[PDB]
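Shown here is one chain on its own, the form deposited without this ligand, set out as structure tokens.
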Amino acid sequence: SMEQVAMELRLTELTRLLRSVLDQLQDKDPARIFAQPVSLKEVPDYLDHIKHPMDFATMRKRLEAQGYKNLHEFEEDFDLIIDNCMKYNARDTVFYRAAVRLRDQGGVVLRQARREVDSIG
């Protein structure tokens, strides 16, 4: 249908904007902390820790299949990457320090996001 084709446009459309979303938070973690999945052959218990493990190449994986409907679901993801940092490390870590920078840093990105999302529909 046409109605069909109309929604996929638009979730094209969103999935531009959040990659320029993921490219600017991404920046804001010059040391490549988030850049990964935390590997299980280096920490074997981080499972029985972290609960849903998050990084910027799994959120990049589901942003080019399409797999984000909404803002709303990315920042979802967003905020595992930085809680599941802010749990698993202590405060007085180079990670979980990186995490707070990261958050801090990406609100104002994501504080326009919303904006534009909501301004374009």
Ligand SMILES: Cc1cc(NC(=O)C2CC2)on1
Second form
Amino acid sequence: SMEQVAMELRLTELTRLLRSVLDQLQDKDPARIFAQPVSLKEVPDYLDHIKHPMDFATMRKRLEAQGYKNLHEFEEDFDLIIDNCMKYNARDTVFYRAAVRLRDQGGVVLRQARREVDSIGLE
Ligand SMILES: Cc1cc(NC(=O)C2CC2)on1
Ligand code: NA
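Could you output the structure for the form deposited with this ligand bound, given that the previous block was the form deposited without this ligand?
Everything in the complex follows now, all chains and molecules, and the chain you saw is the first one.
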């Protein structure tokens, strides 16, 4: 149907916006601490601590499959990256501190992203 095509166009446009958002958020992780899944070779007990691992590569996979239907779903995964890190790692670590900085700098990007999604009507 034409209606189905219209919704699919909206999803494609949301995906384009979120790709730009994801690139901007990842730029706020210059150490690439969140670029890939936490290594279970490096951290064998990780899944005993963290029930829903997340990282930028995993987000990008979902994104290019158009697996984010709205901004909320995308933000949920971004928040997992930060929240998982701040639980597993202590306050005085480069890991925890990278998450705090990503959260703070990322908030700015996401604030304007919400306006664009609403204004254009992408969800
Ligand atoms: C625990 C834990 C580890 C990480 N990140 C990394 O180790 C990437 C390679 C630098 O995030 N949380
Ligand atoms: Na902790």
